[PDB]
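First the structure, then my questions, so here it is.
One protein chain omitted, others in place.
Chain naming follows the written order as A and B, and within any one chain the residues start at number 1.
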């Protein structure tokens, strides 16, 4: 079973491990960040929350990619195993010789 | 064929079922929400649109996960089927005995 991460922020009642996004409200102080790299401030808040979800989605795609790569590899192994197909269904018995089905009667 | 959902909001001319994102414009009233949980207001508008796309992406990943789980299960079934590999290609006829290829001549 493949286990993916739940999104950390939702626009509605949260479930286990999630938080509700806090949109910008009127009457709230409209501020930005105080450092060249910080993300604090109400003006940035909801976008920071959406980016956190985007980071989780990126990791979930990486989990699916790894699993798909494994499937592709397993498929290639089956294709190269050299399994043999069915023999004619004509009421005659067949044996295997040189990669083909040959009539048993030919040897009796 | 796997059918995924198209993103609902795009930053360009929309196609069927899509809407163009409306960025914040100068000369527009800069407002937020009036409830503790609402997302109304120009200051929230473009971010709400991007979150809608994020919700759709999350569902699309869930669709791929289900399909991949089914593939993994089908692969496991093939690996456990016990298909048999090719017999030597040496000009001799072979029959099956105790999970191996044995020379027909040994019984004639």
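Quick note on the criterion: a residue touches a chain if its C-beta (ideal position, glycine included) is under 8 Å from a C-beta of that chain, and two chains touch if they have at least 3 such contacts.
Engineer: Could you tell me which of B:18, B:39 or B:60 touches the chain that is not displayed?
Structural biologist: Of the listed residues, the one touching the omitted chain is B:60.
Engineer: Just the residue numbers, please: which parts of chain B touch the chain that's not shown?
Structural biologist: Those residues of chain B that touch the unshown chain are 1-2, 4, 7, 11, 20-21, 23-28, 30, 43, 46-47, 50, 53-54, 57, 60-61, 64, 67-68, 71, 74-75, 78, 81-84, 95-99, 102, 104, 107-108.
Engineer: Need a quick check: the contact residues on chain A for the chain that isn't drawn.
Structural biologist: Residue positions of chain A that touch the missing chain: 31-34, 36-39, 41, 43-44, 47-48, 50-51, 54, 57-58, 61-62, 64-65, 68-69, 71-72, 75, 78-79, 83-87, 89-95, 101, 104, 108.
Here is the rule we use: only the chains that are shown with their structure count from here on.
Engineer: Nearest whole angstrom, what separates the Cα centre of chain A from the Cα centre of chain B?
Structural biologist: 6
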